[PDB]
Each structure stands twice: as structure tokens, then as C-alpha cells.
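Peer 1: This is what each chain is made of:
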Amino acid sequence: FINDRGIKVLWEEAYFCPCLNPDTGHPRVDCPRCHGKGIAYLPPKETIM
Amino acid sequence: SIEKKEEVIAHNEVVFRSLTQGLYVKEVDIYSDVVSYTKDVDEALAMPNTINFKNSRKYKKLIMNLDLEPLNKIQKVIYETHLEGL
Amino acid sequence: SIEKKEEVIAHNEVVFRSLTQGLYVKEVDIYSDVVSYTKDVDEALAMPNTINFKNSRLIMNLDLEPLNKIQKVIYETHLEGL
Amino acid sequence: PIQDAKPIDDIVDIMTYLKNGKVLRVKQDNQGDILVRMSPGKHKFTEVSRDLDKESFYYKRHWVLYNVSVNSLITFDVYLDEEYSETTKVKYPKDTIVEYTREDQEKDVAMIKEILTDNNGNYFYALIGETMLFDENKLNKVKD
Amino acid sequence: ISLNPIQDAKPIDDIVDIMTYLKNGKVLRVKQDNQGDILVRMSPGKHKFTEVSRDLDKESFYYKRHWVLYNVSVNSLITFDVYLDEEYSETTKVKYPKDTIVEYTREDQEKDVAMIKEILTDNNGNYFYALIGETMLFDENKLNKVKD
Amino acid sequence: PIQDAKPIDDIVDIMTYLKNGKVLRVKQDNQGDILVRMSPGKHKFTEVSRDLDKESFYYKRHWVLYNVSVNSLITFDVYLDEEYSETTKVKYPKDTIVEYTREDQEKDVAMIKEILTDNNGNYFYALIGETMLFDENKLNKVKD
Ligand SMILES: [Zn+2]
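Going line by line, the protein sequences match chains D, B, L, X, H and C. Numbered per our numbering, the first sequence spans residues 5 to 53. Numbered per our numbering, the second sequence spans residues 27 to 112. Numbered per our numbering, the third sequence spans residues 16 to 97. Numbered per our numbering, the fourth sequence spans residues 8 to 151. Numbered per our numbering, the fifth sequence spans residues 427 to 574. Numbered per our numbering, the sixth sequence spans residues 8 to 151.
Take these hints with a grain of salt, some might be off.
Derived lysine-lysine pairs resembling DSS-like cross-links, with alpha carbons at most 25 angstroms apart [to be verified]: (1) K114/C to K13/C; (2) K98/X to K29/X; (3) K150/C to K524/H; (4) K474/H to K120/X; (5) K29/X to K51/X; (6) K29/X to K80/B; (7) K86/B to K61/X.
Source of the hints: derived by calculation from the structure; they are not laboratory data.
Isolated chain D, as found in the complex:
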């Protein structure tokens, strides 16, 4: 049922980047893992949803 009514979608999990400032607790403006957002992401997983 789910595979039938769903749409193909890329699922990528979220995790806090190591680049977070240890003292303020807020992220670097630019880094490869996360582009200013304080949360990085894992490789995508193909999924129907």
C-alpha cells in the first residue's frame, strides 16, 4: 500500500555538526558539512513516502 500510494524521495538523517562553537554553542558560518545551519546530514537513502 505505502509503496503504491507513495512518491520516491531521498531520506537523509540529521546530526549536529562538530563545527559547533564549544563556548557559545552556535555554528560556524560556512563549512563543508553544513552551510551555516548548525545541523549536518548523512548520505541519502532512497525511500518511498
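Chains B, L, X, H and C with the ligand: place on chain D using the hints.
Peer 2: Just chains B, L, X, H and C with the ligand, lined up with the frame of chain D:
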């Protein structure tokens, strides 16, 4: 008689040198080509190289220039405790 | 290699230590006789290491093992190539 | 000849090198290049990196898990990471559609079979079905 | 008055031999933890690619297996035990496989643990078990397994 | 021999001691040890404690009701709390999977049957199916 020893890193940043001219870069243009130079290490186009700032993007064009020699400028402070007897 | 270096002596003191237990002095009484001991090397009771003080008061106990403590702090830089 | 490429043929050799722990470089189509690696320690699993440049004091590679498909390895070209050459400065890449003229002044299409050069830097090209060498000008890059 | 010993389906641990067999085209059977047991194969012909089938039986004249293209993962092979489909079979799903440590009662009423070195079968299909240090072959009911 | 263990065999003796009111120690599997007790006063019911150390001016045991199962008592090992020994300093515990070699240089597995020591502290071990004693080095701790 070093009773104890400790080391600290204050700064760790990259600095570039021209292979032939022997000068250190200080400024670049919009295209990121060198505009100015200095013969002073204390005044250079420092790129941070701490743990968080690795894998930068600001100076990719500068890095690939074969005329430039990157240097890892690192500053340290080391504390040594001596016990010299009576 | 080294591009620039300088050495300075932040402190120079005399530390008192027991001969039997091996623990350094931490706290003392009115006459400066020992009431507490500590295993730490830095927190131990200490006095300036200069002749004037020594002439100005070893004096507290017969456990005669003072220790001249000297602290060296060094500033240096490197230019490590690729 | 030129030493700028040393592709691996058998997947068995690829797996053997992965067991040894040496990094690999895996090309893609209209897409970024990939590095692949076997994780160390107790648990063995594949890891990938989107970065390509050599490790240094100012540049460190990032590794993450991924369910790499054997289809990619067997199909796509693979190299040893340490011995890979970034570019060979030639107008036409290897395995590229090209056009030429035969000995009887007949036009024909082909793909590049070999890329060669002399000691003076002049580049000669050999096409499929043509043993003789062709000048860079004599070739023509066919549009997709 | 018996049948000769029956070999157990040796699991394959080294990835290199797995890949070599696959390149040779020999069928592989993968015991997935989550979604059961599947077959894995390399496509014949020039267009090389991995294929999967859930037609989970030995090939027969009346039962021909159907193969679907799939992007089998290296990690799947490594973490999951894999067997050659020529060996893995319903013939002998022995309760106590070879090299398994089992608890057996000795004649002196003292329970001992020994590793099964050899297993065979007889006319009735029983499972005779050989234990190190003893010659007499035990039966299924006498033995016991200790886990963890 | 060593006096570090005195397990109870019959559950009847366990119930008899519980009637007398003496505390018991009941082991668990990959889990904390338990103390069990019979409540005093008019109403009789079992009580348990997660604490193990001896009562003192600085340490008091905590008791609560619980529907203790006879299965645990009959299956798990049980000791008198007062006479229990915390540890016997030996490499291998009793009833542990071990590996050794027989007299004919044949390798075999077994469990420890007895734990022994001499007056000098040297520890000897006896395995199931082996009357002779084995050195600590001669044994091998089998991995689960
Ligand atoms: Zn980040």
C-alpha cells in the same frame, strides 16, 4: 631536572610565500590574484588552521598557484617546572 | 625549525618537603609549624628564593629538606614547510 | 606512452586491494569523483569521501558509511588514489566520439583508441579501426 | 547398517573468495536478518550486473528460477553469512551442527561439554553425534545445548 | 580447598531458613545481585533488597515487597548472606567454559569442576572428565 612539562598552542594558521621573490602575501583582488606583498611574517594573509577551520574554500585559487609556498605558522607556550634540590 | 624564541622565569621559590612521608607542606600554624600536608608539587607552601628572605627567616622543623623550585615558561614559533 | 592512467580490470583485484586497505578513486558520469575506503577496526564496512585532494596539515578527508553497490565498481572505472594523475593536457579525452577521414578521402566516425605524444610534446592520436596516427587538427570533436 | 557422514554447509567469511565465485558465476545464497533468505547471481553475457531471486529452491526442470536486477551491497555480503547454493539445503537441518559445543551426560553421572567433530545419519534418518574424547556416538535426545 | 562458597541445594532448606528469618543472597545472570528476606510481624511476605553491603552506622539496607518466584530460587544459586565471600582471586570462575589438551595431545573443551590452591597461593584447576589438575597457564578461557 624537569619535574613536569606542559605545552599549549596559541595560534595555528597558514601563511604563503613566493618561491622566487621571498615575500609573503598580504592582499588579493576580487579574482583572488595577489595584489600586495610584505617581508614581515607578523603581517600576512593568515588563513586559520585550527581544528574547526580545516578544509577551507576562500583560497582555493591561491593554493593551486605553483609560485606560492604554504607555511604552517604555529605559536606555542611551554611551561617547565624545575626542582633543583636545596 | 625555530624562527623566534625567548625564555623567562615566571617564578623562583623554595618548597618544603617531609623526609619520611615525602609529602609537601600545605598549611601551617601560627609559628608556621606544619598542620597539613599535600601530595601536589605546585600547591605546596613556598617562599621567595632570595638571600634577603633567607636572612629574614629551616626555622620551623628539623625535617631539613627544602626544595628550590624554578618555573621556566618559553615562547616560541615555527615555520614548518610542506 | 603516458603514465597518467592505470585502470583496474578485475573486480577481484579491487576487493583484494580493499582488503589491504588502500584507497580507491571511482569516476562518475556528469558528477563529482568519489573516493572509497574500507573501515578499520573490529567492524568492516565500506566508507566514501566526496573530497579528492591529498591529505595535509591544512586539508583532511571526511569519511562516512555508505552501501556501495558492486555494480558501480564493476561498471565504472577505478584507480589507486595515490597513483592517479589529475589531467593529461590533450584536446580530446580517451573514449570520446571523434570524426576523421579515411585513406580514400571518405569521412568516418570513431572513438579514440590511444593517446600518445612525442618527446617534443606533439600529441598523436589513434582511432578505432585505424592503425595509423592522426594529428590533433585532423581529428574533429563530434557534438553530442 | 547406516549412511555415510553428511557435510555441513560451510559459511564463507572471506569476501575475496565470495567475489571470485560470483565472477565465476556460481550462485550464492544470502541469509538476510530482516527479510529472509535470497539468492544472488551475476548476469551472464556482456552486460554484467548482479541479479537477485527469491525462488528459494534448487533449480529443477519443473521449477525455473527468475532473476531480477539488484544493486547488491558489499556491506550486506560482509555482515550477512553467505553460502554456496550447491551446498545449502533442507537435507540436514541438524539441531546441533558441527563444531557446536554441546552438553552430554557421561556414564559416571557427570555432565560434560564437548564439541561435535563429526555427524552422520542412518536408515531412519537419525543424527548420530561424535564427541571428542569418546568413540561411542550419541543420539539427539541424550544431548543438550548451552547458550551464552 | 577454599571456603568461599557454600551453595544450598534443596529449596526445602531455603524455605526452612527463611522461616528462621535469616537473609539470603540470590545471584542473577548479567544482572545485579539480590538479597531476599521474610517480613516480620503479623503478616508474612517476601521482601527484597538491591543493596548488598553489610549493615552499619553509615549504611542501611532498603527492603520492599516483591512477588518472588520459586523458579528463581530453585534455578539460581543461593547462599547465606552473612557467610558469603565476595570474591576468590582466580583467573577463571567456577562453571566456566574452558579449553585444554588431553594426555594424548588432543585438544578438548570442558567446564571447571573444582577450584583449588596450595599453601603458597598457586592455583590448580580440575576440569570435567579430567581427574588430574591443570595449571592456570595450561587452561584457556573460551570466548562466548
Ligand atoms: Zn558544520
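Peer 1: Does each hint fit the structure? Answer for all of them.
Peer 2: Right, here's what the structure says about each hint:
With a CA separation close to 32 angstroms, the supplied pair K114/C and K13/C exceeds the 25 angstroms bound. For a cut-off of 25 angstroms, the pair hint linking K98/X to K29/X is broken: about 32 angstroms separates their Cα positions. For the hint pairing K150/C with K524/H, the CA-to-CA distance comes to about 17 angstroms; that is within 25 angstroms, so the pair holds. Straight-line distance between C-alpha atoms of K474/H and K120/X comes to about 23 angstroms, which keeps the hinted pair within the 25 angstroms bound.
For the hint linking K29/X to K51/X, the alpha-carbon distance of about 14 angstroms falls within 25 angstroms, and the restraint holds. Distance restraint check for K29/X and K80/B: the Cα-Cα separation of roughly 24 angstroms lies within the 25 angstroms cut-off, and the hinted pair is therefore satisfied. Taken as a hint, the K86/B and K61/X pair is honoured in the structure, with Cα atoms around 14 angstroms apart against an allowance of 25 angstroms.
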